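This document opens with one chain alone, in structure tokens, the form solved without the ligand.
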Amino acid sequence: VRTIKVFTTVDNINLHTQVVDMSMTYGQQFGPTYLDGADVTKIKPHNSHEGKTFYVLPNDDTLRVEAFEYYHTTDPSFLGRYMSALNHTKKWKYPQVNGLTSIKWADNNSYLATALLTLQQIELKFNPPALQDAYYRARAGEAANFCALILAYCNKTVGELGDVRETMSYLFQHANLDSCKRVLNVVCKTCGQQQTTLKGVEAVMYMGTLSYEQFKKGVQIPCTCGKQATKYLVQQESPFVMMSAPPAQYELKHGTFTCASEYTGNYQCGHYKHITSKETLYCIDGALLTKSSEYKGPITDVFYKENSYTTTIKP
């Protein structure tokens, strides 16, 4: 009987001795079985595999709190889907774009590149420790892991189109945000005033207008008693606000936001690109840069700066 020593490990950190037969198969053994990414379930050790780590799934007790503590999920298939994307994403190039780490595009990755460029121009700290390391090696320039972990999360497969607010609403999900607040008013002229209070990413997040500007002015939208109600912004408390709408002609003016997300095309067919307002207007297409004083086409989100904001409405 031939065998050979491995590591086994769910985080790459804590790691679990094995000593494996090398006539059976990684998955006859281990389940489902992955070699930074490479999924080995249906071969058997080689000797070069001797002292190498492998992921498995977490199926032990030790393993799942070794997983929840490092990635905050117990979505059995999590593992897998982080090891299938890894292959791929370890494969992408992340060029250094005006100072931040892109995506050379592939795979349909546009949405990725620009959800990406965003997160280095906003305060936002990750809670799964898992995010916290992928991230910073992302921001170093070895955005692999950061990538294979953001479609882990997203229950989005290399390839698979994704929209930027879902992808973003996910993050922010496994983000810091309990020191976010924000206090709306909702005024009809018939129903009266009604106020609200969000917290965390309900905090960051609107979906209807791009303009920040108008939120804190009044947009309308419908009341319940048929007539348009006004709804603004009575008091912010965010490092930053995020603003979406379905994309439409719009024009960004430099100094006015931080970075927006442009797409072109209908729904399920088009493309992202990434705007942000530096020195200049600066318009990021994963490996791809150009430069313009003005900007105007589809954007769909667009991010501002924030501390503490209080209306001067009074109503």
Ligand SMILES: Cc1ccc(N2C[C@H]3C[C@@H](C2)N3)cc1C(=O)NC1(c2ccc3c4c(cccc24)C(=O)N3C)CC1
Given for the second form:
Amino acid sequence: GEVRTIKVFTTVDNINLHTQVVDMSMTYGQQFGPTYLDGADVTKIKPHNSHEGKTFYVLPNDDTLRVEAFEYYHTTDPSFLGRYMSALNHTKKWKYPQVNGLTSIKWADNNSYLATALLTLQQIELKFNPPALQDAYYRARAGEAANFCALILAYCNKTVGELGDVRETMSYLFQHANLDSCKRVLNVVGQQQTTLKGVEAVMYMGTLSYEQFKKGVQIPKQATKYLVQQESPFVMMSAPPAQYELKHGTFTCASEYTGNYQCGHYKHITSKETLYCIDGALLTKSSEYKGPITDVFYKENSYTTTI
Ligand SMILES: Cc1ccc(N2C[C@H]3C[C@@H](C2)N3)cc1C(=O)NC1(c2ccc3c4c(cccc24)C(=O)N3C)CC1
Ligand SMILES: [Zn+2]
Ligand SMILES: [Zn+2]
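May I ask for the structure of the form solved in complex with the ligand now, the form solved without the ligand having been displayed?
Below: every chain and molecule of the assembly, starting with the one above.
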């Protein structure tokens, strides 16, 4: 029968577009391989008249596409693009309410960890290295966060509907950020000093209190570890969830966690004119706070001990 054609664009990064002429009598998969339209898998579908001029994602199947994908995402995992598209097909349907100019996410698909991470990322100073994260983060800050959320799911190898860990999520994203100038000097009292750089310089697991880290924490005979010097724009202090008192103006933000390991619920606590509890789309305020906290973030620039 008749052979009709339309013009479309293919891409791996939505920056470099490659004009294609498509045969409407064949499926996209027969012509391109796995093919996606705004996240939806159209590999098994034939071109529709309405697809003319639209942009489709394809898997990198030639060296030009391979280079474009790597330069944009900073990954060689061949499953990455398909996982990113599968997540986007869901996150494009989430809602992203603004809370005091912070983009949150209405609860869906056990995404409380992602809303809490997204809110945190808008409150600390971070520069991503992969252009894909740079571009999507800028959009997310302005309220259009579906692509950023799908990329986070793909980078962290999380499926939509799976509850993830905020500390683990932030840690992996930090591996894609420019933290090269961050430095931490510790003394453990023999008396021994160590210097950490990069992501290890901004994370700690064992106490929520930055002040306690400065004064000294006991670690295994028992010794005292304390912070000698900190050069970073923030620090993330974490510990297994425990009841904790947060005081206005003494922290930047924090992760509240209720429930059991791997199956509970996160909320986000931030300090503004009072304490805000952002719970996806829901906001409550209170002058005081006591509750189960598992991460606290503190802004920083340069700290030097007086010990
Ligand atoms: C919410 C979530 C999602 C995923 C995961 N996972 C852990 C390992 C496996 C893969 C994914 N990776 C953990 C949590 C979780 O529940 N994470 C916290 C937690 C709760 C209760 C805890 C702990 C402890 C140590 C560290 C974290 C933690 C602990 O000792 N208890 C009793 C932050 C909430
Ligand atoms: Zn949840
Ligand atoms: Zn000792």
